[PDB]
Amino acid sequence: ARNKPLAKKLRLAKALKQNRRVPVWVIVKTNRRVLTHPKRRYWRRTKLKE
Amino acid sequence: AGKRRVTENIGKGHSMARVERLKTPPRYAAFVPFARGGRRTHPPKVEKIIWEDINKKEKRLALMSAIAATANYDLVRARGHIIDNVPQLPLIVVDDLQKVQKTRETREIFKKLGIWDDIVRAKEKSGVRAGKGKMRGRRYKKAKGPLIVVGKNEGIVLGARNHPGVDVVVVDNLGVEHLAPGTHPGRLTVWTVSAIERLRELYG
Amino acid sequence: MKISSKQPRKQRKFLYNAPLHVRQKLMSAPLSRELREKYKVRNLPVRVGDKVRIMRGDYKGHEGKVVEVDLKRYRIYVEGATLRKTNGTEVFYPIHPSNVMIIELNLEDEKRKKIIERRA
Amino acid sequence: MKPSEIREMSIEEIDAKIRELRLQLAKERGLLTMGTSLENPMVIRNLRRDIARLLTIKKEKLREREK
Amino acid sequence: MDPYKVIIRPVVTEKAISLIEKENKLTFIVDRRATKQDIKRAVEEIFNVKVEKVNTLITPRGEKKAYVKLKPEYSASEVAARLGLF
RNA sequence: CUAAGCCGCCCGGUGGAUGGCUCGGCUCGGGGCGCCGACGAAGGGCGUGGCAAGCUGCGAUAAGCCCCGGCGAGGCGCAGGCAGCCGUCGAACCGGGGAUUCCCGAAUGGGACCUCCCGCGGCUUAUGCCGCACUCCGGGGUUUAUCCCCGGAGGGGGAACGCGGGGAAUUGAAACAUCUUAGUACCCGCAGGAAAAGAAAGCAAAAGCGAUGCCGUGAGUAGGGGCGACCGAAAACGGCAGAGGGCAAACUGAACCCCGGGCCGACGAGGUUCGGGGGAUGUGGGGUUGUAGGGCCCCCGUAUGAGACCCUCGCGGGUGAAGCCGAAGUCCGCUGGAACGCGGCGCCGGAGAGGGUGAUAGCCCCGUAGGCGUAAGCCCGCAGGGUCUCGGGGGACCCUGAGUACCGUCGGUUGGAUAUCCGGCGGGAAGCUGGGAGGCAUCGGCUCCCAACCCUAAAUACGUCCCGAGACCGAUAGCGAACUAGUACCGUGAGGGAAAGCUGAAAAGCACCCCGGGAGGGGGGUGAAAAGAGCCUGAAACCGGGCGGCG
RNA sequence: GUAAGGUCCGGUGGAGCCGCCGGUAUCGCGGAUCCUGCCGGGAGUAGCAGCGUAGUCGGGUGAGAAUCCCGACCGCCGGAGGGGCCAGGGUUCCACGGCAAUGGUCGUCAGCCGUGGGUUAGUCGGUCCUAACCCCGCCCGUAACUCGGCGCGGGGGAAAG
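Protein chains in written order, with PDB author numbering: chain Bf, 2 to 51; chain BC, 52 to 255; chain BU, 1 to 120; chain BW, 1 to 67; chain BT, 1 to 86.
Hints are computed from structural coordinates only; laboratory data are not their basis.
A couple of the hints might just be wrong.
To be verified - Label-pair ranges, simulated between beta-carbon atoms:
| hint | chain 1 | residue 1 | chain 2 | residue 2 | range |
| --- | --- | --- | --- | --- | --- |
| 1 | BC | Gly-178 | BU | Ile-116 | 18 to 26 Å |
| 2 | Bf | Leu-11 | BW | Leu-23 | 27 to 35 Å |
| 3 | BU | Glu-108 | BT | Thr-59 | 21 to 29 Å |
| 4 | BT | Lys-36 | BU | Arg-73 | 41 to 49 Å |
| 5 | BW | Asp-15 | Bf | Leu-11 | 44 to 52 Å |
| 6 | BU | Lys-113 | BC | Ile-143 | 52 to 60 Å |
| 7 | BW | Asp-15 | BU | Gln-7 | 54 to 62 Å |
| 8 | Bf | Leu-11 | BU | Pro-19 | 38 to 46 Å |
| 9 | BU | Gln-7 | BC | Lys-153 | 25 to 33 Å |
| 10 | BU | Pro-19 | BC | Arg-111 | 24 to 32 Å |
| 11 | BW | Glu-12 | BU | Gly-80 | 57 to 65 Å |
| 12 | BW | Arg-65 | BU | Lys-72 | 21 to 29 Å |
| 13 | BU | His-21 | BC | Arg-111 | 53 to 61 Å |
Backbone N, C-alpha and C fix where the C-beta goes; we use that ideal spot for every residue, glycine too.
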């Protein structure tokens, strides 16, 4: 929305920062056992809890 | 276990059985004996009775019979024990055996008495078993050897504890399972003068 | 310095999750006959400088200096015990410290000397 | 930087050192994004922990003086 | 807020670099709990310069950014070179 | 030399069964340990790593900071990388003690359509600090407004267990209404590491016992019940543990308590002095019980002796964190990628429990049998300094709990039956020259007891936790979760809730060559074996090809 | 071996397994419109029409072009398919580099995947006032409460007033 409160904006910012892929160096360090995390999200498909 | 899942039944009117299913997707079946993740129909229960009672006089008679069978040449050898070089059954030894405190001394005394071969065979028989007992801490299935019965404990228990298959007990704590391991009677036994004296005092 | 439980699950859990001050002691190796007679000690944890002879494995009978010790994996590296990669570079073979023998001691450490004196 | 040398200095130059270290921390954080030719990646962590040490011994000295 | 605990890091983006040369303006990422007065005091006291104006915003990633305009007598390029921004 | 098609075997793809493994579950006698919070809890939001998304840990000092001890050369979490830095001035790690500790939250100076905002007084030069919520207790001032000030309390959280109240229906009775389900599910209130009960106005009747609780048994008995279905005890006896005390009153009458200073004492116990608040509507002393006890008065007899408790300026001892020591082969020959295997030769053993180590190991390592050490704290003793307690015979006088005991009636509850217990309404005593109980009521006898005030350890219940154990399961099993699981995801919400373990001894994780836009393919290497990461074994169903028979 | 089933040979596999006596059990699969997982015929079939039937010619990038880009021609909407903007969404916005997957076909394109960026207020909105209405304190009721309630005191309540 055009008008937002700061607390909601900060929570949305935290979710935005969370939504990213696993580092490639993490993948090689873990030997391909860790390839993803449960916080991956698609804006038009998976909606935020808020 | 298995009774934590909240479920609802669709009922008739749909092409599938009347089974209890979850209220959210994927709507698997739950809380049914024949459903994955459900309760067990008749599981084991702690309240079950496992203790078995034995009359005191009947147990005394069984102990008498085991002690008598200890001195049976046919039964001892039929149980697998090596008594080829044993001088006599029952084997009564002087009371000085009670004071032996070193395992090397006990080994030499046993070699003299002719029961070392039984310890050797017990060690040879001991081995790794088959099944999940290995996962549960029962990797080895050890064998039984000569049983030492002494009137008093003056160090013989410590001097003969370590030998494979060897059990040392005081005649006051003697038991039917001590005399007949695994329900098969005729265990090779070494008695002392004091043990025989106490056994005579008891008559049982 | 205490493992009472006889349950394999608990023994293996202790081995896997042992703190570092315990992993330090879990890296002991036996001393040769000469060192054993000289120091009246049967074994000691391995140090990098120590010269070590391999008693088991593909490199049995090979002597060399220790180059690296890893407590997390309970492994060590000895110079000369190496594999060749496909490209051609040489890499070290991790060897359990219990499979080797100590034939020379890097005994410049006062605390290591304290260990020897305490255990003698 | 070690506590043995930190304890030698007084509170005033401890504050000055904290100020300088915070300046350097900000500058290194800027350079981190500016350029990738970072010889020492651990400089930021070392500076942070040095500042924390300075504050800790500063409060210890304050307690000693008050007592 | 303590003058030395407001600034987190300079901004080294294309936009910030262009502003430095064009409008005599520095760009900092500062603590979100810092007001314009705090930012002005921090910049002036740290860099021994006089600041004309401060404009603050909060980025979508939750950080606080501050554009600080220097007085004409002071050059933002000099301070950028001092800090190594170039 | 049959097109399609069907059956059988072989090879290949798809798939993930089976077998083996297991740092995870589940259940247990015994043992340990059981609260946190206005000095701001639990729970949550947001931040924090050089590369950092999840989990974990931490909090603007943010996978951490400081100090005293253990350990002794490596370390930088799950998590096998790059680059760096930390450590011999002793790290990492472990036990103990400190520092920092954002916002919301009982949330508390005042507000929340967004865990973010807006104020009033004092100190502060300024950077900034300490107070300001409501309902009360003990005081002060005054503005007499509860206005201001000082000291002190309560709120919220906790898996099960506990105490006090409110309280259904499905169901059974083969229908159903008294009844049962059931004082159950659920709801409201109040505490602790346990809670509650507890010392006879009791039980019992040839005799007697002697506070309470829990266990066995009494016993499916007495007894209740459309006397249907069904419901249902206690005393006694055998055990665990055992412990008893204090007020009100008579009488005396400020000899008293608390707070804040001062001294003697040792910093403590104890003794003493001053100011303030309580106190004659009674502080303190005394006293606590039944064929009676106590007071008061009279007489006899003592203390010159015998206890009990309090304190540590001091000394010795025990226990007590990390932890330290703890025997014996890595001997020869074979199989093997690798000996823990086979044959031969030896050794220790208070140690042949269990685990790791490239196969199955008493002697390679860790451990085990058996011993040692330990700061703080806790407990006992010595020595010294204090406080307090300690006997019988007579009386003629005094005291011994009130809307209480109890009766009538109504509702509930109970096995309580005309004879259980709680509560409402009307009535209501004696009070020591007294009163109560003994299963309908009353009269007489006999036996037992003294309510209407209070406290009380151990034996007992539970396990959010820990040590230990297992004829428990072995990845569709076992807790829902062996793993970034109460996570992802579903619903506005109350709430609901998954799937998913395994290369190899060692990455030695395929250098180089030909082709392809690339994904990949073919050579050639590694490995005991591709087991090639789409990685242990690799079944069935299904699909493609080859082969034998039919067509 | 009547049988439930046992044992042996050839092959794969790489670390455990069984005979006998005596006990114990979540102990025996064809069905429950059974539960969980995997795969078949239907089938290279339906659908990719109907309410707005839109593309063609030269040139360009590219391994690859009906589908991407530029020019012309021909068309659709034109009181809405054009312009501005709440609620809701929360990075979908911008540039560069891409096509394993997503896009009803292809795709060099993209609301897609990778990397790096982007939101600047004394004047515009919230913040101030109060409306319907709501909350806390005292007070009364309730066995009690996080429950019901008149009166008094305080506070909140509109991003289109």
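Cross-check of the supplied hints:
1. BC:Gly-178 / BU:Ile-116: 18 to 26 Å: violated (40 Å)
2. Bf:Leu-11 / BW:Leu-23: 27 to 35 Å: holds (28 Å)
3. BU:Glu-108 / BT:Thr-59: 21 to 29 Å: Violated: the Cβ-Cβ distance is about 56 Å, outside 21 to 29 Å.
4. BT:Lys-36 / BU:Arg-73: 41 to 49 Å: Given a distance of about 55 Å, which is not inside 41 to 49 Å, the answer is violated.
5. BW:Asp-15 / Bf:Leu-11: 44 to 52 Å: Roughly 33 Å apart at Cβ, these two residues miss the hinted range, so it is violated.
6. BU:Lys-113 / BC:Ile-143: 52 to 60 Å: Check passed, 58 Å falls within 52 to 60 Å.
7. BW:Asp-15 / BU:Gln-7: 54 to 62 Å: Holds - the Cβ-Cβ distance for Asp-15 of chain BW and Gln-7 of chain BU, about 57 Å, lies within 54 to 62 Å.
8. Bf:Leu-11 / BU:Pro-19: 38 to 46 Å: For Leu-11 of chain Bf and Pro-19 of chain BU the Cβ distance comes to about 39 Å; the hint holds.
9. BU:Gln-7 / BC:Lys-153: 25 to 33 Å: Cβ of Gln-7 of chain BU to Cβ of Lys-153 of chain BC: about 32 Å, so the range 25 to 33 Å holds.
10. BU:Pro-19 / BC:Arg-111: 24 to 32 Å: Taking Cβ atoms as reference, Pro-19 of chain BU and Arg-111 of chain BC lie about 55 Å apart, which means the hint is violated.
11. BW:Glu-12 / BU:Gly-80: 57 to 65 Å: Cβ of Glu-12 of chain BW to Cβ of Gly-80 of chain BU: about 59 Å, so the range 57 to 65 Å holds.
12. BW:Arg-65 / BU:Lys-72: 21 to 29 Å: violated (45 Å)
13. BU:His-21 / BC:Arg-111: 53 to 61 Å: Check passed, 57 Å falls within 53 to 61 Å.
Hint violations for this structure: numbers 1, 3, 4, 5, 10, 12, all remaining hints satisfied.
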